[PDB]
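With one protein chain held back, the other chains of the complex are shown just where they sit.
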Amino acid sequence: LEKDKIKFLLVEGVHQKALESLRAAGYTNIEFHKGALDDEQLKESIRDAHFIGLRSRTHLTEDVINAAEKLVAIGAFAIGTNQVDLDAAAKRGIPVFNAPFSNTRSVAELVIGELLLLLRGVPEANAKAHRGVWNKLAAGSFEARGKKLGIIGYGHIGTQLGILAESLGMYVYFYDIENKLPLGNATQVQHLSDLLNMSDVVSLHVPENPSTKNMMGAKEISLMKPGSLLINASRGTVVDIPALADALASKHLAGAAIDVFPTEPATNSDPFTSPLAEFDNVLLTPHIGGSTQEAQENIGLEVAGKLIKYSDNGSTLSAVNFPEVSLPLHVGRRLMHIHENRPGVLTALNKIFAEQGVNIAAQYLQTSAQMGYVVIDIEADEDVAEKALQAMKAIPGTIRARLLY
Amino acid sequence: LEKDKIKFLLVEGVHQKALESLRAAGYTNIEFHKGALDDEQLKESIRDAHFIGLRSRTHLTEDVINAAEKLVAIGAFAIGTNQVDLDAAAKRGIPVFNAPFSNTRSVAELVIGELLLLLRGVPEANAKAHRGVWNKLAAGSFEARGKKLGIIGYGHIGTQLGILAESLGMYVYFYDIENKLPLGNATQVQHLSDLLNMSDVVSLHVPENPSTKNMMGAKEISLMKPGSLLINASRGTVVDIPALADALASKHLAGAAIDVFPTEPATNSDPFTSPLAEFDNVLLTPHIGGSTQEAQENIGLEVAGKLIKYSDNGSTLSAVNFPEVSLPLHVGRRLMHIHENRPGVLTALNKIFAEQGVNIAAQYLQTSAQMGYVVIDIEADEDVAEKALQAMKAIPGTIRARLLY
Amino acid sequence: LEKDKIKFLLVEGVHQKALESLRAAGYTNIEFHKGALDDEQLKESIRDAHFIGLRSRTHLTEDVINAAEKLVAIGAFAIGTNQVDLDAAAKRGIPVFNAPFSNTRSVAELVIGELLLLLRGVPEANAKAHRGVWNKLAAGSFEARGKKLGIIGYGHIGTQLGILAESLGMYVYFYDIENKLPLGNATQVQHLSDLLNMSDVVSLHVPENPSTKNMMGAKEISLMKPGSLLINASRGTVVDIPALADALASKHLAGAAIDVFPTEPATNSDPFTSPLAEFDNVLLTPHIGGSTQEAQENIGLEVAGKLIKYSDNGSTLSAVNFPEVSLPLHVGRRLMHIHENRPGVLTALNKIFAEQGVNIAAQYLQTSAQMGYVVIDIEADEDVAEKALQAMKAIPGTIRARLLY
Partner (left out) sequence: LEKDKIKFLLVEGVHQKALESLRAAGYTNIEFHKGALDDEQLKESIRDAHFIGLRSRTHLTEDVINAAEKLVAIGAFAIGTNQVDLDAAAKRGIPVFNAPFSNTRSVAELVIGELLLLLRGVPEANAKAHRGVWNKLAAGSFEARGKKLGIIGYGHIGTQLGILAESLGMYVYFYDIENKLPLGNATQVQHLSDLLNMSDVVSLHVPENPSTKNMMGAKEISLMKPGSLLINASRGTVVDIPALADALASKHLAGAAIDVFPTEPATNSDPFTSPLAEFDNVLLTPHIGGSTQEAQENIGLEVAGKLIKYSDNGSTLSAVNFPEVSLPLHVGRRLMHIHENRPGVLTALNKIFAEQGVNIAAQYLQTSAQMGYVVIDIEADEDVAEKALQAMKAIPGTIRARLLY
């Protein structure tokens, strides 16, 4: 304590729940910033920080990282991590954590909201009325009850959209490359062409990979029904946008709602441009599918939590660049040791304790191609432990070591 | 039999379902127009029409009414009846029907879909995207789940909305002038000003009358929760729009969705205007709160129902310009008499039967200020019912009479 | 008022809500008894009572009734009415009311409770342990989730059992002689033999009529599956009990739960006897399917309510021995008149008013084979009304007449 000494750098305004999680766990040394940092402020604030929490805007680059001399772990208080040089962090024994599934509710809700209005032609009607034009009609406008919703991608987000969708009395269909257990009354469809053929609304919730690239093409969309609707709040590489423009202006689709795009304005000052901008029957949203207070508080708890666990017990459960290891806290003293993955290391580490008659209660080592990470609980008094820490460090191939408690 | 001679006039493209169930009832004499008729064509095609179904643009004026020789009843295949001269129709013993509550589901689905998006600031963000501005920001966006919906007017629409909002995880509170039995875990607040203080979202669902006129004024809006949303898809008299504008401008409210206005464009070619058109964080819809295909079908089944029933059995249950009468069909010949509300008419009608030894089985007479309407079941031959009808037709004060069967 | 004068006799301890309903409506002249009355106390308490409320134990016999000289209406605060001489009451113009559907919840709950334990062999195990015998086994014992429940009789009770049954994850099947709209996920089965063939538990909810007499016979029960269960909380004539004994002792059925029997102990002191009494795997209950506080308070409100409505406005909606008539309360003064169903009466009644220039606002007459009942609102001051009341009485065929307000 010596915890009043362990420093937390937090940028881009994470949720205050992250901060109150740290305090609750006795970590008060917090430097907090609402916005993002230029390099000279970043390189300067980070250099004596044991942990950093950032969002999607800060680039933790190989050099920024090597400029940080006391850095123990990194927390992406967000989903994405590409703003971070994982291999750079990993070579310095710095694990990186994220919040992969902490805003599925926000995405599910957005698609409900959006399909209701698109079904009803409200976006077109809303834009028209902001330009003085009144357009009252029932023809072409539908209720949601009794319509068939097709979910492409039945994961965390796809499944919970399913539930909200039944609650409103929609029939729910879905297609995954994996077989899944239908929830509520949902039905899996074998071929995508059949799902497309009988859905009134189609919503995509797939990840970003060669199999999902331009997955919704001219061909696929020609397979949706006349007057159907396409929503993409997944990833911007998933839908062929020019194919969709053609489909909107020929009126094969009645509308659409898009949140993610092949290229996205780098910041809020840069211009947004898309051929879909000229259609009033389309909703366009600045990749905000997950951008809520509720979600921002979820991520702030999970990721703040994840950092505290690692500080307090060395858990790398769910680290994205690192060997996963965690150990239930039972007995004696905890140490950890990150090193190059080569023979003899673990035996040298344990030999430090066998030689002097010290018992080892538990140990967990896991490896990646090039690196090994181990946690040991040993039974000894403070002194012996301080000293073994010292000896652990000298082991050929040692990257880093720490006495946790 | 007789049913073939009975001509039905349908204008303005009512729902096929009206034709279908008129047909199932044994009514096949039908002139159907998907469009509106012109003075010249209306007056020549209604000349021999026993019934007419119309929508919102056909104007049933005393001129037209008094020319239509054979007319028995009118059906407004809509909620409103301002297009029809109710007083003239009444004067000729012609009941007017409509469908005040066949729109319930469309208005509720609309309120939900709007409150989802406003909470998320999507309308404003969509507006910005369409003009090339990217505004990615999670501050101020909220999930719907966990928030408090405050419903004013817990009737047909209020209650069904509360159900949906509970399926979304919202907490449902309401305020009404009389005491209501709550559905699910909704909660009646006894004072309005508490209902407004606590609500994240307020939605109005009340009639148009002296007591609701500008009921949401500056005072009431100033009581709503800071950063809350107001939604009105009830009627256009109900909310002071200028005061709503001030509330939005000062940022006391974070948005609204208005579907009805103090005055509305008559045609669709007519221009629309509103102080609220200056806000991107406001949804403005052209009074389409009930404009769906499903609603058109509800209205179609129900109003045809009401005409078929009035035809087959004289029921004026739910007529809007008329004494309400209904009588279970059990026995004998049923006869119908419409007359001036003055002493002695009822007696003379019944005397036709008493004096010739004919037993009366049922009779229901109700009155308006000015008119009497009475249905009668008698126990007699066909001949007798026929002569009776003739005598009835000559009772002083008589407006019209009919042998139903 | 003159309401402090109108007397209510209440026997057999109806729920106190009935009493507080009467007070709320200004009727305080209440004689209340917990138990039932012998004839000499009954003939004596009833003779000056305008209304009586009884249960299933008091026999209101033709003579008891004729002994009551001020009796206006009868209320069966229960379902059954056979304890009452309907034709005797009806010939004196006394309508009889009941509570036909005010305990469906109590019956639905009982069958849930009972099928859970029967599935689990708990009744047998419970009786065994009260005799010192411990019998722990899993074989033959099942959970309710995933079992198929067959409802024979999908009415008020059958439908709500369905809902409770799905809540527990049972598959719900049913058979009715009428086509019905399935609730939740319930399925109608065309032939009874198929329902019997695939139900794990079968529960009967049919009325008492020639079509339901011994409906469950040896034949039918040989059609249930080995180890299935039969529950009857409908009527005692519905199930062939000796057929069921044979089926229980051969173990074709694993158990049963019966609440109603062909003959039932006339009172609580008389001996109950049945061949099913020797089976521990059978539940036997003293026709208590509907016997709850909740139900007793429901019936007390409905029936007390029904009496007050008739006193206050002459409504005979739902009277079981009487012509149904009711009139919305609009204008002037209300009178009612019960009479023999013969020509001339109604004309004489209305003539009383036509002759002196008094307007009639509304009238509702309805008839049975032998009797007519009419309600009239007329527009006159107190005096004219008192007098017409007097004249109404003298009309040949008049049974009874009353000035309500």
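Just a few scattered comments:
We call the chains A, B and C, going by the order they appear; numbering starts again at 1 in every chain.
To be clear about the criterion, a contact is a pair of C-beta atoms (placed from the backbone, for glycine too) under 8 Å apart; a residue touches a chain by one contact, two chains touch by 3 or more.
The chain not shown here makes contact, within the complete complex, with A, C. The chain not shown here is touched by just one of C:117, C:391, C:399 or C:403, and that residue is C:117.
Remark: the residues of subunit C touching the chain excluded from display are 105-106, 109-110, 112-117, 120-123, 125-130, 132-146, 164, 167-168, 264-265, 268, 270-273, 277, 280, 283-288, 291-296. Contacts to the hidden chain, counted on subunit A, fall at residues 324, 331, 341-344, 346-348, 350-351, 353-354, 357-367, 374.
The definition used in the following text is that only the chains that are shown with their structure count from here on.
The touch graph of these protein chains is an open line. For this pair, subunit A with subunit C, the centres built from the Cα atoms lie 62 Å apart.
With centres set at the average Cα position, the gap from subunit B to subunit C is 37 Å.
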